[PDB]
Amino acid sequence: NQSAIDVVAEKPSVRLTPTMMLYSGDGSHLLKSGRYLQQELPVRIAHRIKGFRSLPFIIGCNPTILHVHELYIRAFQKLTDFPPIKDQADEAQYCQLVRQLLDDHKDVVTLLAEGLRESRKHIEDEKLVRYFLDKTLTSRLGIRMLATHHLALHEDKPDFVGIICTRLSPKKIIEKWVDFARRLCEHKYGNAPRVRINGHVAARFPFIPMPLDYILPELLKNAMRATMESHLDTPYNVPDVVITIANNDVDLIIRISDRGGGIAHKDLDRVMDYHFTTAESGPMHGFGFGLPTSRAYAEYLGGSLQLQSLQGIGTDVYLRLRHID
């Protein structure tokens, strides 16, 4: 293949700590972060190309997998073609290409999922798919956070330093997604469980909302769907979904407790697999991607996603996310 890709495929990624990113938030500082972004993005793309190069041959040949592999190759070429950024006039043109990188192929995850599905007969290990997709989703989230933060540092949005909210309220972001999920749930069933929020309802701290924007509506949909499917005989009299916020120095805990009947013993070892579902762009919602994506996201952010199933009663879902400090 291409030798420029070979040069950085093994080069370790360099990450700016969220603490270092709030520290910078600008004229002279933007130049330093700009040069950094320029050295970093081709490395992230090269890492993904190495992923495709490492797939078993039979899987890497899948025309959809091959097409996605090609998209990554073309993306790397465009990023390395740009000369070193000297003046802010070039950075505006480079932002047009980072915006183009971010906008042109947002459906890569969907394409990969299709490619891996078409290749299932040649995949003996469910571990290979989970490992490949976990890496794909986390690296694409890292690329998205890296790029979107640099682009947002141009803007003067209140309570934000790039993509970092200086005073995020978990109650507010949960409420925003509760309203979204309830409206969709009411459209399907003619009713939706009421959502009660308790615990540290006044908590506010520096945090990045972007991954919560994927995780929260997914977990809310899961809890609401399980509640409605469990109470189809009394659809206008369903138990509440209860959300607890626990805020301490180390982490933020969001517990989502439903009375949806639980996750059956037979399904428990399968719910964390991609494509496993009992229901009938970027990271996709639906088709059994919800739980594995949310877990890959939480773990990449230094936290976790844990489930406690009470078969016959309901499920408690624990989302833990590490504080910025």
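Positions refer to the first chain, counted from 1. Think of the rigid core as the biggest set of C-alphas that the two forms share within 1.5 Å after superposition. What changes on going to the form deposited in another entry:
Core-aligned CA deviation for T19 between these two forms: 2 Å or greater.
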The other form holds:
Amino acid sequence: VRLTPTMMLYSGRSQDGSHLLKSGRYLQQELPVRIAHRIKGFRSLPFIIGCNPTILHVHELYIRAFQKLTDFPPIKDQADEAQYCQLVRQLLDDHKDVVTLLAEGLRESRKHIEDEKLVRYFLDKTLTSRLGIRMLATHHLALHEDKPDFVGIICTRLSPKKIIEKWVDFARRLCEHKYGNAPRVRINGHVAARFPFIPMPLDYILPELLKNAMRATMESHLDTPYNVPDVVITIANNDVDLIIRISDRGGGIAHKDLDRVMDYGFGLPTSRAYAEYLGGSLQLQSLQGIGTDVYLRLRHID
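What's the form deposited in another entry like, now that we've got the form deposited in one PDB entry?
If you are looking for partners or other molecules, they are not here, because only the chain is given.
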């Protein structure tokens, strides 16, 4: 009992494993319908783009997914549900590179793009539906796990500070490897906050935002990489949403680039679409000559 947009994540308990069958049967009815919607998206692409060999390949993954899914017989016991999980697992892996295949197929296809609002809409709808589908699927699998402080993929006691720190260490390493240093990150605000929340969207978004804030900081301090401005992260936790402000002193996004930056890495426009999909937002405040403030808002689970 809990939801993403129009999709339900099951918070349940059954010592017989009754909840696993109910969740399995839900996932089994919901997946094919949503995969078919993805097939329609490909069908309605401008012909010339839909013809691109990589776009066509991704199109074919979805048909294949829909075939295997609809071919699976209904679930009438635990044993069915178990094998169904195996299928779902295989599909999640087969589809792991999809975002990357799309970004490539569409680049090969840049010249033939006449209407950009049309393709941008396709990407947003595809990528965000894909996310929802993957959360729902991953949730069901994670219900088989016995891990504490987790109901499926819902973490019952999530520390925004903690999950930010993990992605900071990650982004710092990439940055140190490329520039030989990385900005110290400071975290302020509600650093002690804990509340139920689904990690996954944060796991996509944060590393992107952290990579940008760090890149921009280094690219504008080439002369002094051993000494660069800190990246300052602020956490604001209230009853409606969680806000994570990420501020860098990297010189800002230039006026001429302001529009190009939020459109299709490819990490920012995806991140914004994810945030809105979940009922939040991703906004940018550029101080040209100084730095950039990025505001990630995500609604509280309920």
